[PDB]
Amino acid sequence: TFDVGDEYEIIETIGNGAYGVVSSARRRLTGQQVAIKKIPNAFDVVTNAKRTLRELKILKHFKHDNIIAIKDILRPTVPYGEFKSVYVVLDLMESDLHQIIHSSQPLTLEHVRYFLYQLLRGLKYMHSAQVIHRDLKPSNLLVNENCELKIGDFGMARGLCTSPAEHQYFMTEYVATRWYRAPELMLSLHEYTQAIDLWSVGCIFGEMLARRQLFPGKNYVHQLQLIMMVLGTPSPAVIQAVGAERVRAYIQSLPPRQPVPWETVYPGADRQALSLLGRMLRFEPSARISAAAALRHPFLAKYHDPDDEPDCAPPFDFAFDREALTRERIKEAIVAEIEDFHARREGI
């Protein structure tokens, strides 16, 4: 509960989605503000329970100012068999970047520069841990009243190798969100690295520059059409790496098209901004700038400090996730993460 005689007081609901319900709250004894995420009926759906487990493990591993942090995870208050809803206490973030972009709030070039900086700073750290987010978009980038940006929602994250047991190994065109989905996922190019995230970053960057989505495709083919209208026809090497014959045949059926310069896509936009944008939005994963190299780009020189943009050591281990687990075994694993959270706090 959250009554006068409990640790937390609920203020108001700030988010309702597939993740559960996020509320603003205060620690009653101190007045300190936090977010509390309720994950209702957390063990009912296997897919959802697996997302919960991998987020708990990843967020416990990370300690970085541009990644959402777990402050507490509430222990069960009922017998083990009746425990059904998980409560996670996190940094309070009043808004997301989607809200900000698509509102009457100011979003000057300097806002874009500062938000992009923070996003990339978080990514350098996450990517050095061998974690790919795979669902970066403005609604997963949280922004607080101090103008601090933190990356959230690690339910779709994976490492540098995913298991053949799960459907997303083969059905890569369904990974995450259409408008931000990297060409390698759309086309099954069999090259799945941290570059996935840099594509999404490019889309987010463009979206901040114009305050409208860069590639808002209505379906699979239309999404590819919109991307090719700017990037041009993909190379013979990329076309040959397309997993599916129909997709490869469809791309070959279209007439040749050269790239449109980013200066034409975004008239009058900042030169250095467009320079960096062009380094992110490439068909070839290996052609894209890394998060680390992006932080060294002239566009971000204002905020860049190589003494204060850390990597993460040791790297994150996804071994736990490749295991074929039942509902009850996943529940046990989640309860163990809660126990371990508190056991580690007792031993510091």
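C-alpha atoms forming the largest set that superposes within 1.5 Å between two forms make up the rigid core. Numbering follows the first chain given and starts at 1. What changes on going to the form deposited in another entry:
- Only one of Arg296, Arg27, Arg322, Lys63 has its Cα shifted by 2 Å or more between these two forms after fitting on the core, and that residue is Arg322.
- Comparing the forms between these two forms, the C-alpha position of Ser163 differs by 2 angstroms or more, with the core used for superposition.
- When two forms of a protein are overlaid on their rigid core, residues whose CA moves 2 Å or more are considered shifted, and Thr172 is one of them between these two forms.
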Given for the second form:
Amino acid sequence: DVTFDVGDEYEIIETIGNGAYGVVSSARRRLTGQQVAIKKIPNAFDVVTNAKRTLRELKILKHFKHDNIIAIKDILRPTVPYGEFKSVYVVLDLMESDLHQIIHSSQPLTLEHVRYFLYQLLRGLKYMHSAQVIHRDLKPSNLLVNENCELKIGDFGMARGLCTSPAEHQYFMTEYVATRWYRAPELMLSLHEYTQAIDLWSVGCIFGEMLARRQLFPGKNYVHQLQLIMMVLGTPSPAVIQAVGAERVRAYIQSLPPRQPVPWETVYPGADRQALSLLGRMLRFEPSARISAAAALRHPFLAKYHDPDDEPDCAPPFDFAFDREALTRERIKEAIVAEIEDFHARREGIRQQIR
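Same protein, different form: I have the form deposited in one PDB entry, so give me the form deposited in another entry.
Chain only, nothing else included.
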């Protein structure tokens, strides 16, 4: 179902990118000649969860303006007619590649590339985290990159905010899905504590990935993932082992010999002193011992790029009520249509420029 009719503002050039919930293509704005990405989301209201995920994606990206977070340049107005409007078209910055493609190539990635990539990632996150937004699926392929090493965070469909009042934990895990490789212990263990720290486990994995140029914990299934981690980190302390909410994985946690951590200096033998020190501060079982993105920006490893004035918070926090968990499919379409209209309706050439 990938057919792009964007017509007459834009000219489509090939196809770059694929996934669920949409297909992306390179395009050129006709008269200006500006190069963009266009992401078609075919039949985007047909399924209540895909519907929420779409509305969730538009509202989040509209809220942000940051050089390290991917930006919506345009959202095509419904073409003629409404006619049970189906596919949504969103225009974005054209990004040439992604960190996964970079990390795994025969191309050199120096310590200096990892410093600058890690810096930019942490920058955008400080921003997103102060909006009280947790990305929740952060992996090298979701981080877009271009020839000049600009790094921009993508893929906000998995992002959720809050956590709300004591509910919903539990239902915090619905719908979602994510590779277990970047998944955080509290998401693995149902630890009933879900914060922006979730993303910082993922950063540590990405950071380690960039140093070794191979996945840090590529688990083949659930306990294997749980095991691969425990190899290097050792077993979780009794306090976390007792904080496990289900299955009981607490059982089989209660089992096994208590293991000990492996110093990052052996797991990455030839690796920078500072990088390892920061990597260590990010990967920890307890979310509360994990360094923040805001504080990580101040680590000596990043000292070269650190600019307090250039590292903004996101001014009003994002408001995640509008949570659609039941919230009938049609009213969701209305809201998605409610955006795109507002998006255009906020211009408003309301101003005059002195000659």
